[PDB]
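Peer 1: Below are the chains, spelled out letter by letter.
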Amino acid sequence: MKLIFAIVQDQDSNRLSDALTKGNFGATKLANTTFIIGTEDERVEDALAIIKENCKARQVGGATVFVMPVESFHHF
Amino acid sequence: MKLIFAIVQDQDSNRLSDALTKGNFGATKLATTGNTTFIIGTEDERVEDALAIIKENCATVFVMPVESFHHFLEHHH
Amino acid sequence: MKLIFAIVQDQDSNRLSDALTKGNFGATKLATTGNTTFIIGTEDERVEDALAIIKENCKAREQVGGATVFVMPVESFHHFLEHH
Numbered sequence: 001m002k003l004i005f006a007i008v009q010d011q012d013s014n015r016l017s018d019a020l021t022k023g024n025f026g027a028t029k030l031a041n042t043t044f045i046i047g048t049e050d051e052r053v054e055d056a057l058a059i060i061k062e063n064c065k066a067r092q093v094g095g096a097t098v099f100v101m102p103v104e105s106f107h108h109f
Numbered sequence: 001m002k003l004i005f006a007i008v009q010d011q012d013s014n015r016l017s018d019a020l021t022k023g024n025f026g027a028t029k030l031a032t033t040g041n042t043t044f045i046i047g048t049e050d051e052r053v054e055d056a057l058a059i060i061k062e063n064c096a097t098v099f100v101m102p103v104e105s106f107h108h109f110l111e112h113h114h
Numbered sequence: 001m002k003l004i005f006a007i008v009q010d011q012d013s014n015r016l017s018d019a020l021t022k023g024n025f026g027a028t029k030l031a032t033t040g041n042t043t044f045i046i047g048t049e050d051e052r053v054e055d056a057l058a059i060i061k062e063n064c065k066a067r068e092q093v094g095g096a097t098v099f100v101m102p103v104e105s106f107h108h109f110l111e112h113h
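Residue numbers (the deposited numbering), protein chains in the order written: chain A, 1 to 31, 41 to 67, 92 to 109; chain C, 1 to 33, 40 to 64, 96 to 114; chain B, 1 to 33, 40 to 68, 92 to 113.
You may find that some hints are simply not true.
Chain C regions said to be covered by chain A (calculated; three or more residues, Cβ under 8 Å) [stated by the list, open to error]:
1) 49-61
2) 96-106
Below, in silico cross-link-like pairs of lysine to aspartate or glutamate (EDC-like), each with a Cα-Cα straight-line distance of 16 Å or less [unchecked claim]:
3) A:65 - B:62
4) B:29 - B:10
5) C:22 - C:62
6) B:22 - B:55
7) B:65 - B:18
8) B:61 - C:111
9) A:22 - A:104
10) A:29 - A:18
11) B:22 - B:62
12) B:65 - C:111
13) A:29 - C:10
14) A:22 - A:62
15) C:29 - B:10
16) B:29 - B:50
17) B:61 - B:10
18) C:29 - C:12
19) C:61 - C:12
20) B:22 - B:111
21) A:61 - B:10
22) B:29 - A:10
23) A:29 - A:104
Quick caveat, the hints were computed from the structure, so don't treat them as lab data. From the three backbone atoms N, C-alpha and C, an ideal C-beta is built for every residue, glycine too.
Produce the complete structure using the sequences and hints provided.
Peer 2: Spelled out as structure tokens, the structure:
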């Protein structure tokens, strides 16, 4: 399991949550906007691909992503 | 040391902070999406206690390994 | 690469972002509860520099001051950029 911290532009935010849900990822937003995204190790590449694809220029556009190891995952 | 990310509903939020304080855990609340995310630093032993509180007062939880922890503190008169 | 979570007092916040930019660190500020939380991506070597800034830029409120920091390992880092 991996925890992904994705920092993206506000402009990109809404469409990225749509794309992330569409792709079956559970995500959380905190305002640039920061997304926290839990994924299984295999699905990581898919997630990045979505993020890459949904980051556009406002003239300039970008996204920064961190992939963090998870000791354990729990859903209650 | 572990860093715990807990995503919970607002309805659960206020009670959980009360329960978390009560249990001697230092926590931080972020208003997110309508949900709240709690970041909870804990020692490896106390992790189970923390999870139990969350479970009982609600949720999705991640337990992250911490390379290094630091606290700086000052008093003056 | 390391991800740093720094919880600091609001009063310290603006000055710490100034100091963190000045030191060439990219940081992100979250409004939280009272305290502000900074997320700071850094290379393993620069970690000590970052801590020092945080330590230095935490002052006493009112009498009392403090900051709490977590340094998290990063499996992988990714950056995507475009111009038009």
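Peer 1: Is the Cα-Cα distance between residue 22 (chain A) and residue 62 (chain A) 16 Å or less?
Peer 2: Holds - the C-alpha atoms of residue 62 (chain A) and residue 22 (chain A) are around 14 Å apart, at most 16 Å.
Peer 1: Going straight from one Cα to the other, do residue 29 (chain B) and residue 50 (chain B) come out at no more than 16 Å?
Peer 2: violated, 21 Å
Peer 1: Would you check the hint for residue 22 (chain B) and residue 111 (chain B), treating anything up to 16 Å between C-alpha atoms as holding?
Peer 2: Distance ~25 Å between residue 22 (chain B) and residue 111 (chain B) Cα, so the pair is violated.
Peer 1: Is residue 22 (chain B) within 16 Å of residue 55 (chain B), Cα to Cα?
Peer 2: With Cα atoms ~12 Å apart, residue 22 (chain B) and residue 55 (chain B) stay inside 16 Å; holds.
Peer 1: Is the listed coverage of the stretch 49-61 of chain C by chain A valid when you require three or more residues with a beta carbon under 8 Å from a beta carbon of that chain?
Peer 2: holds (count 3)
Peer 1: Between residue 22 (chain B) and residue 62 (chain B), does the CA-CA distance stay at or below 16 Å?
Peer 2: holds, 14 Å
Peer 1: Check the hint pairing residue 65 (chain A) with residue 62 (chain B) against an upper bound of 16 Å on the C-alpha distance.
Peer 2: Measuring from Cα to Cα gives roughly 38 Å; hence the hint is violated.
Peer 1: What's the verdict on residue 29 (chain A) and residue 18 (chain A), does the C-alpha distance respect the 16 Å limit or exceed it?
Peer 2: holds, 12 Å
Peer 1: Please work out if residue 61 (chain B) and residue 10 (chain B) have their alpha carbons no farther apart than 16 Å.
Peer 2: holds, 15 Å
Peer 1: Under the criterion that the straight-line Cα-Cα distance not exceed 16 Å, is the pair residue 29 (chain C), residue 12 (chain C) satisfied?
Peer 2: holds, 12 Å
Peer 1: Starting from residue 29 (chain A), check that the Cα of residue 104 (chain A) is at most 16 Å away, please.
Peer 2: Violated: residue 29 (chain A) and residue 104 (chain A) sit about 22 Å apart, past 16 Å.
Peer 1: Check the hint pairing residue 29 (chain B) with residue 10 (chain A) against an upper bound of 16 Å on the C-alpha distance.
Peer 2: At roughly 14 Å apart (the allowed maximum being 16 Å), residue 10 (chain A) and residue 29 (chain B) satisfy the hint.
When held up to the earlier numbered hints, the structure conflicts with 3, 9, 16, 20, 21, 23 and fits the remainder.
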